[PDB]
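Student: Listed below are the residues making up each chain.
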Amino acid sequence: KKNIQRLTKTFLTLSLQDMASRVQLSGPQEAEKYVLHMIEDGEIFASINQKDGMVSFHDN
Amino acid sequence: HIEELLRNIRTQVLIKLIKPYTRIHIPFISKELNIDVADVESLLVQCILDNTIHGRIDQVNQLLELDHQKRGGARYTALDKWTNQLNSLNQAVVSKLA
Amino acid sequence: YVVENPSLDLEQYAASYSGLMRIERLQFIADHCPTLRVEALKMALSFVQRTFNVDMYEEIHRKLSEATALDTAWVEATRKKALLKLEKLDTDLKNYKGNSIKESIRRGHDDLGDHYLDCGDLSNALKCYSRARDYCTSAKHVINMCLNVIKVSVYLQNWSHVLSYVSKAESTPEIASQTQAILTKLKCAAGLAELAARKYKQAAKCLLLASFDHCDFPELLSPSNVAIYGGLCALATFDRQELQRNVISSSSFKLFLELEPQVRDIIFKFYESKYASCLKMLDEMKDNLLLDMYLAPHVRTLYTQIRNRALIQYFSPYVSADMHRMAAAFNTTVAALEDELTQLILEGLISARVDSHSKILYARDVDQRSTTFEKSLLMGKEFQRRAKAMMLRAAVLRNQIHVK
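Chains as they are written, first to last, in the authors' numbering: chain C, 304 to 363; chain B, 346 to 443; chain A, 35 to 102, 125 to 232, 240 to 467.
Hint data in this document are derived by calculation from the structure and do not stem from the laboratory.
Where a beta carbon is used, it is the ideal one built from N, C-alpha and C, also for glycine.
Not one of these hints is a red herring.
With the C-beta cut set under 7 angstroms, the calculated list includes, among others, these residues of chain A facing chain C:
| # | residue |
| --- | --- |
| 1 | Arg-416 |
| 2 | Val-417 |
| 3 | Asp-418 |
This is chain C alone, in the form it adopts within the complex:
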C-alpha cells in the first residue's frame, strides 16, 4: 500500500500491467483488487477504467 501510494506522486494514469511491475504484485487482477480495496478504505483517490485497464489518480 505504501508503494502504491508513492506511485501516485509521479503518475497521473498508469496501466495495470505496468503497475504490477514496480510493486511486484504479479498480476493485473491482483493489482486491481488491491487498488479497489485501497479506494474502499479512503486511503487513495483513484478510478479504474476497465476498457484500457488503466488507473487514473485524481488527488482532489
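With chain C fixed as given, assemble chains B and A onto it according to the hints.
Tutor: Just chains B and A, lined up with the frame of chain C:
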C-alpha cells in the same frame, strides 16, 4: 550583425502582440511574425527561459498560455511562515523540562 | 577506471609541460589506457632518463618490463656521483649559513628543494622549505616561498593545506603594471585544489578570472585543460542567469574558448536548447576526458548533474510536453526517459505528472490555499497531541514515579 537584427524586432513585436491575450495560437503568431512554426516555438522557448515573457507553451495543442492568473495570495504565504514559527516555539515549550 | 580503449595524442600533450609533473601524468595514462601502454611507457622512460629519478624510475621500468635492460652504468652514476653532489650541496649550505646571509641561505634551500624534487624526495623538501620560511624577510620573498610550497604540496596530494597556503598568500601582503603570473598561478592552484575538494562552484568562480596572455606556466596545467575544467564546471554548477554573465559575455574567456572549439560548441549548444548534439559531443568527449588526472574520479557525477540540468531546463518553459519528442531529443528510449523523470520527480526537482496512456508529461500546479490549510490543521493536531503528552508527563513526574 544582421543576425542580431531581424530577431530583436521580432521579439519586440511578439511582446507587444501577446500582451492582451490569455490563450493564443502558435500558428497565429507564426502568421504575424512571417516565420514558420518551428522558429516561433524556438523564439518563445528562448524568451521564456530568459524570464522575459510570463507564460508557458502547451505542446500538445500548440498553444501559448499567458499568466493572467495567480492573484495576490501573499496573505497565505505569511500564514505559512507563522505556522512554521509556531511549530518551532512548540518544541521549545513542551521539551523545556517536562 | 580500466578498459576504456580511447584515442589521444601524446606528443603535443606531453610537450606542453616540463619536469617530473609530465612523468606523473604519463603514469596516470599508463594506469588508464591499456592500448597505449608501450608507447606511453617508452616516452615516459625517455623523459625520465633526463631527470634524477631513483625509486620511481625503477618502478616504471620494471612495470614496462612486466608489461612486455636498464642502463645500469648510469644508475651507478646516479647513486654514487649524485650522492657526491648531495655531499657538495650540504657542504655549501653549511658554508653559506656560516656567514648567515639570508639570501644565500634561501638560495641554498631552494636548490636543495629543486634537487629533492628531481630525485623524488620532495617530502623532505617540504620540511626544508618550511625551514627556509623563517629566512624570508621580504614581500616578494614570501610570495615566492608560498608559490614554491604550493607547488611542492600539489605533488603531495594535500589540498586543504594548499588552499590554506593560497588564502594566506593572498591575505598576508595586502593582496595588491606588475606581472599577473603570480595572480594567475595562485588562482589556478586554488581552482585545482577546490576541484579536488568536491567543490565545483567555487573552483569555477575562482578559475574564470585567468588571462590567456598571462597563462604561461608549463608546470601545473596547460590552458587547454584549464578551459575544459572551467567550461565543464560552469555548465554543471552555474544556473542560466550566471552562465551568460561570466562564461558567455566575459571577454577574458573568449581566448580559452577559441583555443578549444569543442567545449565552446558544447556550451553554446546547451545555451541554445540544442541538447541532442550537445549530449552526443559530450559522449564522444568522455573517452578523452577519462584520461585526464585531477578529473577521472569526478566525471560521472559531473555528467549526471549536466544531464539533470538539461532535463530540467528543457521542461521549464513547457506545460504539457510530449515524451516522444523528449526521448528523440535526448537520444534515448521512452522507457529510460520515463524512469529518469520518475526519479527526478521523486527527488523533488520537477513538479510534473506522467500520463502513460498518451505518453505526456503534464505540469503540476500547487493550490496554495489547500496546502496552507492542510499544513495548519496538521500542526494544530500535532500541538494538541504534544500538549496532552506533556500534561500526562507532569502528572506522572509529580507523584514520584520512576520504576524502582
